[PDB]
Structures are given as structure tokens and as C-alpha cells.
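Trainee: Spelled out from the first residue to the last, the chains are:
2 protein chains.
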Amino acid sequence: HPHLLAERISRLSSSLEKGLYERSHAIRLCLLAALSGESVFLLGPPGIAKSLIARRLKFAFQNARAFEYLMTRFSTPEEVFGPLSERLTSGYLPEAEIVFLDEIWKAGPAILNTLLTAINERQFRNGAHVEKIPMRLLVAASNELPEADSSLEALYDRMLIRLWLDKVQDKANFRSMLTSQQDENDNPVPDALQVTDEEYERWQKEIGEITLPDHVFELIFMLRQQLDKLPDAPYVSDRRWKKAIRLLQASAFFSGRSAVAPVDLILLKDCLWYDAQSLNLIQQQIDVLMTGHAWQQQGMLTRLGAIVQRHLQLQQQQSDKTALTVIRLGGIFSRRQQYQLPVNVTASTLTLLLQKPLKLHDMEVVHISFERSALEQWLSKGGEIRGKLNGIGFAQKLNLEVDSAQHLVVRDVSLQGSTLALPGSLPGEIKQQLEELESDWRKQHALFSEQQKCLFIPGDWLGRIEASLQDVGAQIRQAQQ
Amino acid sequence: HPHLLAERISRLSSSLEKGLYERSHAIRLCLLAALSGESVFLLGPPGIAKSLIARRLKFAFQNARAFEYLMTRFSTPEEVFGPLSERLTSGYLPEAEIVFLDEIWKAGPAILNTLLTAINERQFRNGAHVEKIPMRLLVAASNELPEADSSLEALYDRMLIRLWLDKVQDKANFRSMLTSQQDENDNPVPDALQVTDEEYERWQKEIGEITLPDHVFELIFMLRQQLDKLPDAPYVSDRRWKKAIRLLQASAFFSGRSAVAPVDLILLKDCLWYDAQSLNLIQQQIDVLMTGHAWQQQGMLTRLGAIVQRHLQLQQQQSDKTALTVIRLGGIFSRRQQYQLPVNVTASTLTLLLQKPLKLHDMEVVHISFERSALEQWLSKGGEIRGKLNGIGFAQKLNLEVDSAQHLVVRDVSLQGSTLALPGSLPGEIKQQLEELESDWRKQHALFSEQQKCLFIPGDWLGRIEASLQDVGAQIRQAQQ
Ligand SMILES: Nc1ncnc2c1ncn2[C@@H]1O[C@H](COP(=O)(O)OP(=O)(O)O)[C@@H](O)[C@H]1O
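Line by line, the protein sequences are chains V and U. Heads up: the first sequence is residues 3 to 87, 98 to 437, 442 to 497, going by PDB author numbering. Heads up: the second sequence is residues 3 to 87, 98 to 437, 442 to 497, going by PDB author numbering.
Be aware that one or more of the hints could be misleading.
Each pair may be met inside one copy or between any two copies, as identical chains are not told apart.
Derived PhoX-like pairs (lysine-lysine); straight-line CA-CA distance at most 25 Å [as the list claims (entries may be wrong)]:
#1 60 to 144
#2 241 to 183
#3 254 to 20
#4 469 to 183
Don't read these hints as lab results, they were simulated from the structure.
Work out the full structure, taking the sequences as your base and the hints as a guide.
Mentor: Have a look at this one:
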């Protein structure tokens, strides 16, 4: 039953995207906050699809009412909630579900005071007796930012999601967007994908029952302590941490999961900043946290580097056991041609060890790697050979010659000998530590290879999380060759 | 059938012009917006007849209702849409077609909030259920301009056409305007030029079916990115780009065309600016765009350079046939002055070839161009000469001296000689590639000589487009001499 819920949500948000290109993040975040009882805020220039998203999410329900209002500097509370006779609230806000308030940073003093009571209590001071407000989604958009010392900051600190919308930049997505024929006032949502009023009241209780894994708490508490030490980092109140969990628990609820997923921390990039200065700071700390401490990205880099350094140190010590013998070949040719090892070596960019280290190019080296396509030509036609040092840099020229006992002597600027050799086919101490680190990478990759189908995750984040996991796997499989 | 539609529209706008002088540009823009479902804004001092054009476009239909209301500082929404009893909207706005609202920049906050929902959704609330509004033309005149940080900018950013009206300036037009015997309250439009209600509903669906050519999309995306890089350029929202396509597609629909024509971009000069400061900036960027990349004006300039670069490559190979003999000018001077060829060369930025190429400024060169105004000064007064390389970059300094054989030796960093030469007075490969580019100019000129009969295009723009096409054609005919 929980597995079939992720399929119904994927089909509901698909019809909402039809008509607004490059706006999937501004629609999927509003649908999750509407089904969980959270708010959302938008910011940007007027004309980047900020009022249509408030009139589009109402079609996904069966008993929703829209309310598009524009707050002015001379607005009165009697024109927002309804004029009194006790207040005629026929189709306004106390009985509505999805309301829209544009330019909220300029309303009257009594208007903002009544909006704070309808959020923490979902009630209203309608005359004498109070009544509940079935508000499911609270969206607000504007253009500029409020003052640093004013009463408008009380509502900004209470809103959870802070969406950062902007104009389009891609050229391919602007072709069909410029000449679109889809109407924005029809009903693109089918009647089979709209939830009922009974399912909404039941889902509000099962969100709080999501367990909190111990591995997830290690990432939430670490991000809180990191922002406290940075002076340029914005301050986050205790209310924001409690309201953010309800958003992450609701994301895993509609994705076929029962616990808080570690990948759900990506949505925290729109719930910590407050201005344009802290926008690039929150997205930078999360990108390092998700690619450094989430699936133990940096935790394995500091462990694999010690294994490779220990492996290369043991290979340059036991080089006297395995040498390098070059076999001859028949045929009729002037220059004495040489043939490499047959099935013993098959790689193209193999590495060659050495006994006594030398100072080549005014620097030390512990291993020299050659090219298989370039080694076969020098051993047959002759000439000069080019090879890099320490696996980095360009293929510099070396003074490599042939030995009387069929070896590879490397000469330097002091006419010193250095017989090359190939590494044998892994010590027991290195293999014991390599299998334990490789098994930990498969366990972390198994968790990511099951929760990546989350609909509430942007597409640009999958290009960096997967690239950070494949980079470690491509390096750990090279030392075991 | 589509060809006969342009003749009926030309006769409809001609009857509406009778009675108003120097107002042809305002009537043509309001007629196209009325048949496409757009809006229009006027601005001017009281007395230039701003409310007469609203009562004039209603005679072009058969079932149209007028509404002329004066918005004041104490206006109420009940006196505009209709007083409630459920609202008595008998002949007002929810059931009207062409409405007029003068001095819209002073209404109450409840009036502006109801006008925003009657444009995007074409509906209006009536207590419980709602109803559609058969609005065909939205016009509103004023006198002053709104504030920079106010709530009145929400409606201004949604309007498309921004007309700039002014008092009369011509003396001949003012004499016949005061003594005009034509009545402004009669029906000058014949019964044969009035469209029916069935033809209007069918035309609103065929406008969205106009195809968007690939060459037209290159002009819209380039103009969008050009205004973003200029700080003084006004910001254009994404809503303005989408609403502008409906205006351009409607212009080509009533002109005998089935696709979007590049000449229709001239109407964008009154749909981007917002004040008197940005009025001269929008008309300047479009004038360069319509005379640069519209009919491939500059597009053939960057392609002709590749032919000249290939032509100069073959001329420098056979430069040993015709050298460059410099004659000695008459008069006894201290330094041996030199003089170029007389009538044989008259260009200001002529090019000079060379035999053996040299590595000047760490790069190769095949032709060096010198300025005629700067060559006569260096060869007569001495000093240092400055010349660019490959026709690009800045005029760098070169080590040019005089030769004993009356030539020009170019010295470099290795003290190497190089005798310069000039191209003489056409290969088969260059002629084949030149006829392909020259044929493209005739194809672009044939398109302009067929769609210039558009009535919605002003006459002053045709004087600069033809002058820009002849400049490109006059340059391509010079290399073939
Ligand atoms: N980025 C966008 N992609 C697709 N459509 C857009 C975009 N921005 C605006 N629109 C279209 O413009 C219309 C009006 O948008 P509007 O409500 O004025 O936006 P805002 O509320 O941000 O000013 C909408 O119907 C929407 O379809």
C-alpha cells in the first residue's frame, strides 16, 4: 500500500507541470506543503509565474477555493476577510483553502496582526466566537525585501519554504514556452488523481509518525553547529528546525518510505537563507555536506588515500623479489627488436616500479607509468620514449636504455642505474583493509540506489551526488588491479 | 481566401481614421488588439481627444457595448460593475465588450483588485458562482505617471500596447481639424465591413495556430539577452514576451500570411518602454536589430569575411607577378619620403599582401591593412606607424622601413625581410562561393518586396529598412570587380 502512493503523486504533479516550463521546483514544493500544512514564499520580479501557481494547485483537490488578492499601502482588513454586517466571509480566507497574497510587505498594521493567529492556531477572531480556518496552502510573493528593523520580519521568520524564482535562461525550453497553446484556466488534472477531504485529514496524522534515524540526526546537528561558527552565516531559530522536519517527513511519506531519508536534506536550501547575500552561502554548505558527510564521501577519501599511500610504500620495498625480464623475438630485421610480456600484462596505462629512487626533473619519484601503445613502438623501431612521473603531468622524455640482462635501466643527469620492475599480482594487509572499505561503499550505494526516485528532488542535484559516488568507486577499483 | 482578408481590414481602418488627424498610429494598434483579445494604454494631456477613440472602435462590430466611466479618488466598486441587490450588472463591464476608464491611477484598492481577475481569467465574482466576461478591447487613458514603488505597477506591467499621444504639431492638419464637419457620434463604418459574432469566435482560435519560424526565434532571443546586459535598459517580464506573440501573430493573420513575419517586430517599440526615459532606448535597440539581423543584414557580413579571407589566401600565393613599386614624391626633403599609388587605390582602409609570411606578435598573418589617413603622415614626417593584423585587433606597431628597390620591407624579431604587395584587379572557387551568398541577398530582398503592404506597419520605418539592404548589396558587389 505505501509503495503505490509514490506512483499516484508522480502522476498528479505531472499534469501540474504542463504549461509552466522550468517551474517544477516551484510547483512540487507547494504541493508537498499543501498536503502537510506548511507555508511557502516566493521572491522575484513580477512576471515569472508567481500567481498562476496559486491558481493551479487548486485543481488537484476536490473542494478548494482560490483567493488572489493584492495588498496595497491603503488596504483595510474589511476588504480582505470580508465586510461585517457577523462578518460576511463568503468566499475569502476564513473558509478558503489556497489563498494568494501579492506584495505582502506593504499591508496595514491590523492586516498583519490577524494573519499571525491563523497560522499557529488556524483560527480567526470573527466577532465573539472563533472558528477554524481550513487553510491548506499559504503562498505569498513580492519583489523587494523588508527593512531590517520592522514588524514585517515576524511573518518572514515563520514561513518555511523560501522559493527563489527567476526568469528563464535556457534557449531550448524557451521555444515552446514563448508560443504555448495550453490554456492556464482549464482543468488539466484528471478526476482520478484528485484527493478527497477524508484522505487529507488522515494524512495529517501519519506524517508525525515518521521515525527519525540516528544517521539523519548526525547530519542535522552538524549543519546547525557549522552555521553558528561562521559569522557571515544567517541565524536560524529553533522554530525553523522543528518546521523543517515536517517537510522532510512528508517527502518520504509520499515516496514509499517509512523513515526520514538522508537524501531529503536537499530541500534545506530554501529554508535557511533570508536575503541574496546568504543565498550563495546556504547552497554552498549543503553541497559540501551532501558530497562529504552524507554517504561518507569525504569519510572514504581520507581512508582510501591512506591505503593507496601504504600500498605504494610496500610495492617499492619488495621490488627485489619480482624483476623485469624482456623476451626476444626472431624474424629478419636490422635493429634488435624486443617484445614485451604476453598474457602477464594486458593494461594500457600500466605502472612500473623501481629500486633505487632518482631525482628526475628536479623532483623525486616512486613509480613511473608508461603507455602500452608507445612501448611497443620503441622496443621495435627504436627512437625516444616519453613517460610521465608519479602518474601526473605530461609525458616527459627519459633516458631509458636496454640492459645486458634484459631489463630497463633509467639514466638521469648523474649517470645512475635504476632497473625497472612491474608490481606483482597485492599484500595481505592491504587486501584486508581494501575489502572493508569497498564493502562500506556498496552499503552506502545500495541506500542511494532505491531512494533516487523521489519526486520532490531537483534534477540538477542528481548530476553531482552520483558523480561524487562514481569518483570514489573509480579510484578504489584501480589499486586492486 | 486568406489573401482577401487583408483588403477587408485595410478598408475597415480607413473609415475609422476619418475624423481624427495625426492619430492613424493609435487607431491601427487598437483595432488589432480588439480582434486578438489584448489591451491598450494611452497617455496625453486633456484635450487631444483620448476618450473618442474608445467610442469609435465600437462601430466596427455589430453587437458591442460601450462604457465610459471617470475614476476618482472616492470611487466605489459598486458604481462600476453594478450595485448588488446578485449584482445588477445590466450594461456595465461583466457583460460589455469595449470599456473605457479615464484617470485609472487614482481609484481605490478594491477597484484595482477586481480588475486583475477580469484579465487573466476573463471572469468576475458575483457572490457565489462566477461568469465569463466577453471583453474584446481594454483601453484606459490618463495624464500623469504612477510611482516607482507602488501597487499601481501591477496593472501597468500587464498591459501590452503603450501608446504615446501628443498634441498636434502640423499647421495644415490643425486648420481642417477645427472646422471639421464630420460628426463623431454617427456610424461612418459601412454595414459590409462590420464583422459578426461568429467570425470573431473563429478568429480567436486560428491566431494560436500560427507557426513560429526558426529564423524569427533568433531575433526574439537575441533582443531579450541584449536588454539584460544593459543596466539602463528596462526589465521585460516573461509575461510580456508571451503576450507579444499574440500581437505579432494577429498582425500577419490579417495581412495575408500564415507564419510570423520578421517585419512584425516593429510593433514592439510600444510594448517594452514604461516612461519617457526608456522611450528612446527601446526604439534605438529595435532600429539596429531590424537593420542588422532582420533580413540577414549583418548575417551576410560575417559570412562575406570568410570568402575574402579565402580569396586573399590565393592572391598572396601568386603575388610574385605584380609587386608594389613605390614612387618618390616631388620635392627635396631631408628624409627620403615615399608616396603610394594615386588613382589605382582610393580606399581608406586598404589591404596589403606579402610574400614570405612572418611571425608577428607571436602569431601568423596573411594580410596587413593600413589606414590611408595615417599612411600619408608617416611617409612624409617620419616617426612610427601603427597597423592591425589580419584586419582585426588594434593598430599595433610594426618595424616597417624603406627598401632600395622601392618597396616596403617588414622586419620582425629575427630581422627578416618581407616585401609587401597589393592585390590586383577572380578564381572559380571564389566565384562559386560568392554567387551563393549573393543569391541569399536577393531572396531576403524578395520577402521585403511582398509583405511591405502591411497597414499596421508605420511608413517611417520603411525608409530605413530599404537603405540598410542597399548598403549590404553595395559591398558584396565590390569584391567581384
Ligand atoms: N517562466 C514561465 N514559464 C511559463 N509561463 C510563464 C512564465 N512566467 C509567466 N508565465 C505565464 O504568464 C502568465 C501570467 O503570469 P503572472 O501571474 O503575471 O506571473 P507573476 O504572478 O509572476 O507576475 C501565466 O499564465 C503564465 O502561464
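Trainee: Take the hints in turn and mark each one as holding or not.
Mentor: To see whether the hints hold, each was checked on the structure:
Proximity of residue 60 to residue 144 under the C-alpha cut-off of 25 Å is found in both arrangements, the shortest distances being 20 Å within a copy and 19 Å between copies. Within a single copy, residue 241 and residue 183 get their C-alpha atoms only as close as 41 Å, which misses the 25 Å cut-off; across copies the closest is 17 Å, which meets it. Proximity of residue 254 to residue 20 under the C-alpha cut-off of 25 Å is restricted to the inter-copy arrangement: shortest distance 16 Å between copies versus 33 Å within a copy. Taking the shortest Cα distances, residue 469 and residue 183 never come within 25 Å of each other, neither inside one copy (27 Å) nor across copies (33 Å).
The structure fails to meet hint 4 from the earlier list, while all remaining hints are met.
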